[PDB]
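Each chain, letter by letter, is given below.
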Amino acid sequence: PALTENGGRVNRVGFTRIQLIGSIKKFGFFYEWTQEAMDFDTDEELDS
Amino acid sequence: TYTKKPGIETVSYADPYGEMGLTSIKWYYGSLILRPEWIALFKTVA
Amino acid sequence: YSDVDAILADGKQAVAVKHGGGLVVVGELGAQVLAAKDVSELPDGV
Amino acid sequence: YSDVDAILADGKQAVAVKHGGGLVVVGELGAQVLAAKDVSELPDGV
Amino acid sequence: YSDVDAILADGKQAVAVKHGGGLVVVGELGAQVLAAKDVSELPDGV
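Protein chains in written order, with the numbering used here: chain A, 3 to 50; chain B, 1082 to 1127; chain C, 75 to 120; chain D, 75 to 120; chain E, 75 to 120.
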């Protein structure tokens, strides 16, 4: 950006920015069981 | 009024993850006209 | 059909199953065939 | 059908629907079609 | 069918009934019939 002795409109610059985008999702899972499967099971700490 | 907010309640085999709410309004209405001759009504066209 | 929104967005409805399994999806004929007493109330299709 | 008793009085059964709306109506024929495994177990009419 | 276990062993699945009582049982061929959105969506029903 060299300027002469006179001056004036000689060197215009610019500035830019940027945007960052993030998203949030939902997740999950489940498991079911019956009382008989906990009572008459070969083990005793199946739930644990 | 019966309100069940999502959370520990409203979880079941329908939805293990409680993500539904509920609010029900129930009432009981009934009326008796003792003296219908004291009730006056006129019909007309505007 | 990927998510529970897919059935809902499509207009197809889903019922929670009790005995074992996930959900049963119902379409409007599938509901209307479902609500038939005798041969008369099935769709034109069946 | 106007009221919930109409389905009961008619003889159709009524299942509550969770995810979307509710109250799908089942008739004996519709159930028997709905209870079919292979082409042999559907009713005569279909 | 006698008991709920006989259902699951057969592979037939069943749902609960709120307004009227009973265990409506879903078959194999019933589901896609029950899930159809249009006449082309039946699984070779009619």
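Rather than coming from a laboratory, the hints here were simulated on the basis of the structure. One or more of the hints may lead you astray.
Each pair of labels, with its calculated beta carbon distance range [what the hints assert, rightly or not]:
id, chain 1, residue 1, chain 2, residue 2, range
1, A, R11, C, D79, 55 to 61 Å
2, B, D1096, A, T44, 40 to 46 Å
3, B, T1084, E, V78, 45 to 51 Å
4, A, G30, C, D84, 48 to 54 Å
5, A, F42, B, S1105, 37 to 43 Å
6, C, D84, B, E1118, 31 to 37 Å
7, C, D84, B, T1091, 37 to 43 Å
8, A, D45, D, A90, 51 to 57 Å
9, E, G94, A, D41, 41 to 47 Å
10, D, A90, B, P1087, 17 to 23 Å
11, E, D118, B, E1100, 17 to 23 Å
12, A, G30, B, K1086, 36 to 42 Å
13, C, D77, D, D77, 22 to 28 Å
14, B, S1105, E, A83, 17 to 23 Å
Where a beta carbon is used, it is the ideal one built from N, C-alpha and C, also for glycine.
Checked hints:
no. : hint                            : in the structure
1   : A:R11 with C:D79: 55 to 61 Å    : holds, 57 Å
2   : B:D1096 with A:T44: 40 to 46 Å  : violated, 32 Å
3   : B:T1084 with E:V78: 45 to 51 Å  : violated, 34 Å
4   : A:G30 with C:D84: 48 to 54 Å    : violated, 22 Å
5   : A:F42 with B:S1105: 37 to 43 Å  : holds, 41 Å
6   : C:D84 with B:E1118: 31 to 37 Å  : violated, 60 Å
7   : C:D84 with B:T1091: 37 to 43 Å  : violated, 25 Å
8   : A:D45 with D:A90: 51 to 57 Å    : violated, 38 Å
9   : E:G94 with A:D41: 41 to 47 Å    : violated, 33 Å
10  : D:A90 with B:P1087: 17 to 23 Å  : holds, 18 Å
11  : E:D118 with B:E1100: 17 to 23 Å : violated, 37 Å
12  : A:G30 with B:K1086: 36 to 42 Å  : violated, 19 Å
13  : C:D77 with D:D77: 22 to 28 Å    : violated, 35 Å
14  : B:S1105 with E:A83: 17 to 23 Å  : violated, 39 Å
In the structure shown, a violation is registered for the earlier hints numbered 2, 3, 4, 6, 7, 8, 9, 11, 12, 13, 14, in ascending order.
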